[PDB]
Structure formats: structure tokens, C-alpha cells
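**Student:** If you want the building blocks of each chain, they are given just below.
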Amino acid sequence: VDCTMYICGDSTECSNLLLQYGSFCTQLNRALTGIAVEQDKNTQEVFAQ
Amino acid sequence: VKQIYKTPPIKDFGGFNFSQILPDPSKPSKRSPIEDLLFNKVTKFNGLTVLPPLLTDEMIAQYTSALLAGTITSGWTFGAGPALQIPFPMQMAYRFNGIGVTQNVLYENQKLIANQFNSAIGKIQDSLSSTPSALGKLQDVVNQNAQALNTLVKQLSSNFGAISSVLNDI
Amino acid sequence: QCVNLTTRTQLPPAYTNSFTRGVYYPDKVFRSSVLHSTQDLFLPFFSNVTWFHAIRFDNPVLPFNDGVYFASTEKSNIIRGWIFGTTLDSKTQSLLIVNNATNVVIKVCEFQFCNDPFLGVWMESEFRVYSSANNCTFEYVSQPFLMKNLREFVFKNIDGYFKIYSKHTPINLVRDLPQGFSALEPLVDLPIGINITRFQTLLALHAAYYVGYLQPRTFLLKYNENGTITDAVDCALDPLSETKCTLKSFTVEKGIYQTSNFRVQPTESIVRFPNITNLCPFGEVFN
Amino acid sequence: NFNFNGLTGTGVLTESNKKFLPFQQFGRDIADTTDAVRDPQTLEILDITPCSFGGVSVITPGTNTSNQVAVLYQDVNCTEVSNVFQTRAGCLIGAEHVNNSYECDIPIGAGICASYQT
Amino acid sequence: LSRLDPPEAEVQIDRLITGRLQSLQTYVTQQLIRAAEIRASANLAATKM
Ligand SMILES: *[C@@H]1O[C@H](CO)[C@@H](O[C@@H]2O[C@H](CO)[C@@H](O)[C@H](O)[C@H]2NC(C)=O)[C@H](O)[C@H]1NC(C)=O
Ligand SMILES: *[C@@H]1O[C@H](CO)[C@@H](O[C@@H]2O[C@H](CO)[C@@H](O)[C@H](O)[C@H]2NC(C)=O)[C@H](O)[C@H]1NC(C)=O
Ligand SMILES: *[C@@H]1O[C@H](CO)[C@@H](O[C@@H]2O[C@H](CO)[C@@H](O)[C@H](O)[C@H]2NC(C)=O)[C@H](O)[C@H]1NC(C)=O
Ligand SMILES: *[C@@H]1O[C@H](CO)[C@@H](O)[C@H](O)[C@H]1NC(C)=O
Ligand SMILES: *[C@@H]1O[C@H](CO)[C@@H](O)[C@H](O)[C@H]1NC(C)=O
Ligand SMILES: *[C@@H]1O[C@H](CO)[C@@H](O)[C@H](O)[C@H]1NC(C)=O
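Residue numbers (the authors' numbering), protein chains in the order written: chain Y, 736 to 784; chain D, 785 to 827, 854 to 980; chain L, 14 to 68, 78 to 143, 152 to 177, 187 to 245, 263 to 343; chain R, 540 to 620, 640 to 676; chain C, 981 to 1029.
Looking at chain Y on its own, in the form it has when it is part of the complex:
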């Protein structure tokens, strides 16, 4: 998930207001990326034997 697009993208004012929450959604963009990486790791642990 792209939290800028999700919350309100293509807007100067929405971007400036979203940034007042700091890194709160950056961490979610990161958590989802991390989950996706882990899903390939799970596949490799199960099948690449």
C-alpha cells in the first residue's frame, strides 16, 4: 500500500497534512513490504529443499 495514494494523493494540501503524522504511515508501507518479502522466504523454506 501506498499511504499517500490511499489517504489522498495528487494534492499539495493532502500531502502537507499527511506529513503532520510524521512517519506513522511510512512504517505501514514498510510493514507491508516486509510481509511480502517474508512470503517469498516462506515459499523458499517450504520448497527449496
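What follows is a set of in silico ranges between Cβ atoms, one per label pair, in the way DEER data are often shown:
1. D:854 x L:244: 53 to 63 Å
2. D:854 x L:134: 57 to 67 Å
3. L:244 x Y:737: 52 to 62 Å
4. D:932 x R:561: 43 to 53 Å
Derived from the structure by calculation, the hints contain no laboratory data.
Ideal Cβ positions, reconstructed from N, Cα and C, are used throughout, including at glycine.
With the hints as your guide, set chains D, L, R and C with the ligands onto chain Y.
**Tutor:** Here is chains D, L, R and C with the ligands on its own, set in the frame of chain Y:
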């Protein structure tokens, strides 16, 4: 271990370099060369602090070494009953028999067995030091938790719609 | 003695790469064994920056925008000074920087500037920059801006304060900035309140000048044990630099990283509504 | 309680073992909090140590046999809380300390654990 | 942002950004918990193999 077991006073490990694995008594920090390599690579008033462990690195090493020393010369005989006097070469003979491998391999190739373990340990020390990322299982964990905590601090600067992000400013 | 030359050399701007230069240290904070990501006005790395030669000495006027970079090469008779202002048409509190035999004079006044200003030259004379001036607001004397060593400066407007920063570096190429890492620091901080828009280099009477514009870009800066910066990365200048500011490292391990986003904006606009067979009868009354 | 030319916060001044560039006025930690300041009147660098602080907990036996307990103040001086034992694990007020090792009963931290004797 | 006077828009925007961010956090948290269970399942599957 039920109690901490002493590493035998005589290091009869059949020529194996257990001195690289078990803590070095000559140092102020009682760690083995494997441990020194890892420990040298794997690394407030804002209200966030870190509490000490009960069991210090040396204390963990004492429990770890007891289990380890037992594992190499006596197995679990220092636990389930009184200790058994199995010399390292017989512990190894039993070790091979226990996996379906004839004991003849230990005696006929005692010198090659001694060398392969030691060679591999040396390779491990070089692998971990030449490739620091090999220690990544702990380096990433400590860095990720440190980042989460540092982020918790950085987030104090956020105003969330307020005129100011600071409570004692407003 | 305002002799006008209006040389108008009309040289190609000769914009060439700034490479890894153009970084200075805007803050006053000590840091060490860290990288820090800062969004500020710096020259972009490897961006093309104009190296105009006065040499018939021309005096072109370039935009200030939100801050600029300046550097120069001089021989025997050394030119040290600038003309800055909102318009430079004798209506506002323009700033002159004039270096003389013992020190540098930083002065702000409503200077009634000449069409093609210079310093007459055993002292420099401001009378050949402007014929008169009045309603003055600032004067200060600081250390000379004099040091093969290129003189380098960065100029900024911070909430009405004009800041002047400097350092020098050895020259391998007369027409190009040397490789290495810049670290300019301020000498003066001026409380003027002037909307500086235009820069003109001030030439002394008897000449190679590098002028760039700073851009609001993020730089990842590497801080050493002394509190200074030894290196830098321009965030998302190119794909390796996207990866470096994403990871907060000057070294990237072999691998694939998620660093950016591909986004396309609408450029077209479409409005459709039903066919109207019933235009409203305003005309029944109106006409 | 500090105010150095407008920069505020609290802590303990000590002489710094590091120097700032002539330009730099203040120093910062990894957390971007103040680590040190330059003295605005006499140039010199002063480190700011945080004022002693930490959590407080009580070590206690079961109330069935004893009500003799001790107070633990973490990472600080014993004077900031005669039976006083100083340790980084937290200073124990209302307890003694003995050099001989024992099996652990109630853990304190950093290699030290409380126990009770008649 | 296209209907309300800027300061009023900012108040209404802050309320919605917060609500939208909370929905993303909730989803991510649920995916992290489910991911922990799926990772455990994958590790068990790998063990069975
Ligand atoms: C175990 O490995 C150590 C290395 O830590 C060996 O110590 C080396 O011994 C050789 C000759 O025996 C010396 O030339 C080196 O100077 C020693 N290195 C160090 C760092 O002291 C030790 O010999 C090995 N033990 C066995 C039984 O193989
Ligand atoms: C920062 O400046 C320090 C001055 O403290 C430099 O450290 C000195 O290095 C020279 C060169 O060997 C020695 O003669 C001095 O004894 C050192 N001073 C010390 C250790 O206090 C150092 O070179 C500089 N460091 C960086 C990273 O720029
Ligand atoms: C500001 O006041 C301080 C007073 O401590 C001065 O700092 C020192 O002053 C003493 C005696 O006045 C001198 O012996 C030292 O040499 C001074 N140290 C430094 C680093 O200057 C200081 O001179 C005063 N003035 C300024 C401009 O800082
Ligand atoms: C009335 O007639 C005028 C003159 O032609 C014309 O411009 C206008 O469109 C008409 N207004 C309406 C409401 O029909
Ligand atoms: C401990 O004290 C509780 C209440 O204070 C009491 O109910 C219990 O009987 C006591 N246990 C013993 C072993 O004395
Ligand atoms: C502890 O150390 C002190 C200081 O050396 C010594 O006098 C004392 O006998 C020791 N106490 C015990 C119980 O060993």
C-alpha cells in the same frame, strides 16, 4: 543444565579446537574467539531506557559452556544420572554408532575426523568476519528494534494538526 | 568614473557538471560517525552549472531564487566582490560586498547604481559601482575573502537574513570546479528584509566565474569524529543515489531495493453532460 | 535547569572530551536530542549528562515469613532515593550485600539476586 | 479541500486522515498477526517435507 558443569581441566577433545568455542580465561571478558567475533559486530532523558539482563554475557556463557562441554565429551550423562567417564574417543565412537555409522570410522580415520571439524571451525570464523552480514540474524534484529525506538522518539516532532508539536510549548 | 563597457559577450553559459561539489554546512550542530538526511538548498550533484567568463569584462545578472553558489579564478589583480538586490534599479536596500587591502566590507544601502558597475582601482572605489546612495541600513567589517586556490561561496536568504559563507580549494582545471568535498561556513549574517532576486558579480578595474543555483533537495551527509562533513549523496539524483537516501547508507549491498514510485498525472480534462432540447425559457420574460 | 542562549532542557554539566568546529554551537545524539552545548560566554564545550533518573521497584519476600523489603532505584546514586547497596542494577535501600555466591531467589539484575536468611 | 475554507478544511481533513490511517494500521496489524501464523504453518510444512 541442572547445575553448571565444569569444562574438564584437561582439554581432551581428541585434538579438536574447543578453545575457540569455549570462553578464554585469560581475557577480562570471558568469551570465546567465536563469541568475540560476533560481539564486536552485533550492536535516554526522553523517557525511553533499556534495562539490564539478569544473566550477563559471561553467565550465559557459563550455562552454554556447561551444556556444550557435556555435549562433546559426555552427552546427557551429566544430567540424567551421575556423570559417565566416557573418554572423548569413545564418546565419538558412540556418536557415530548412534547415527548408523560404524565405529571403525573413528578409529581408522581419527586424524581426519579431528582435522575436518577444526578446518570447518576455522572456515566459520573466516566466513563470519569476512561477511559481517552473516551475523545478520542478530544485527538486523537489534537494528530494527533500535530504529523502532528511535522512530518512537522522532515522532515526538509531529503536530498532528496542532499549532506546535510540543506540549510544554503550547 | 562609471565607464560603461556593456560588453555583452553573449557566451554560451557553458554549463558543466558540479560533480560532488556544492554542499556546505548550513547548521551549527555537531554530529559524528553518522549520516544525516537534510532537505535544504544545495547545488544538485552532477547537474550542469554555468561557468561564465567575464573575459571587455562583461557583468551578466543571474537569478538568486532561494540561494546560489559562486566560485572564481583570478590572476595577479584579484577581483573580490558582489552586487546583490531585488531589482538593482536604484529603488531598494541592495547589498555590496567589497574586499580591500585589510578587510571585507559588507554594506547595505539604497545604492544609486551605474549602468555597468565596477570597483575603481591604492584602494577600491565604490563610487564606480554607484554614484550615490542613501537611507542606509547595514555596515559591518569582517575577515577578507582572500585565501591555484579557487574561492568558493554560498549565498542564502533565511527569513530576511542574508548569509555569506566561504572556503577555498586548489584548481586542476581553470574552467571547472575541482573534485573533492565542499564545506563552506558563514562569516556574516545580515538582518535586512530584502527580497533578493538578482546577482551581479562585482568586478574590479584592471576573470572566470562559476554560478549555480541551489535547489531544495535532500542530501545525505557523512559526519566524522571532528563534527565536519567529509562526504555527501544527492538523494534520488540517479538510481544509485535513490537507493542510498532510501537506505541511509553511502554503500549499497548487491541487491534490489524499493526506492521510488512511478506516477502519471492526468493532463486532459473532460466534461460531458446530456444534449439540451429544453433550453430554459428566460427569454419569455427577458425578450 | 538549563538555558544556553535560548536552548533549554535539564541535566548535569561536565567538561567535554570532544571539540566543536568553530562554527558549531550545539551537539546532538542519534536521537537528535541535545548531547552537548557550547558555552556562549566563555568558549568551551560542556557535555550534558542526564539528571539521575530511573524506575523504582521493591524486592520483597513473601509476607507469610517476612516484611523486610528493599527499594531499587535503577542506574543511579544511592543518595537520590545504613543498609545501602550500590549497583547499576538498582541501588537497594534496606538491604545488605555479601561477596559469597548463592542460588537465585529474587533477581535484581546484572549478575546480582536477593535472598533471605535468618 | 475543494469545498471548505482552508482552516476549516484542515480540521475536517485531519479527522479523516486519522480515520483512514487507523484503518490501514488495523489492516497491517491483522496481516502481521496472520502472517506470524502463516509463517509458522509454512515452517511446519517445511518440517514435514
Ligand atoms: C586452535 O586455533 C588457535 C588459533 O587461535 C591456534 O593457535 C595458533 O597456534 C599456532 C601454532 O600452534 C601459532 O603459530 C599461532 O600463533 C596461534 N594463533 C594464535 C592466535 O595464538 C591453536 O594452535 C589451535 N589449536 C589446535 C589444537 O589446533
Ligand atoms: C580531528 O582533529 C584531531 C585533533 O584532536 C585529529 O587528531 C590528531 O591526529 C594527529 C595526526 O596523527 C595526531 O598528531 C594528534 O595526536 C591527534 N589528536 C588527538 C588524538 O587528540 C584528527 O586527525 C582529526 N580527525 C578527523 C577525523 O578529521
Ligand atoms: C565573555 O566573558 C568570559 C568570562 O569568563 C570571557 O571568557 C574568558 O575570560 C577570562 C577573563 O575574562 C579570560 O582569561 C579567558 O581567556 C576568556 N576565555 C575565552 C575563551 O575567551 C570572555 O573573554 C568574554 N568575552 C567574549 C567576547 O567571549
Ligand atoms: C434575447 O435576445 C438577445 C438579442 O439577440 C439575445 O442576445 C439573447 O440571447 C436573448 N435572451 C434570451 C434569454 O433568450
Ligand atoms: C500466609 O498468609 C495468609 C494471609 O496473610 C494466610 O491465609 C496463610 O494461611 C498464610 N500461610 C502460611 C503458610 O502461613
Ligand atoms: C567481603 O570482602 C570484604 C573486603 O575484602 C572482606 O573483608 C569480607 O571478609 C568479605 N566478606 C565475605 C562474607 O566474604
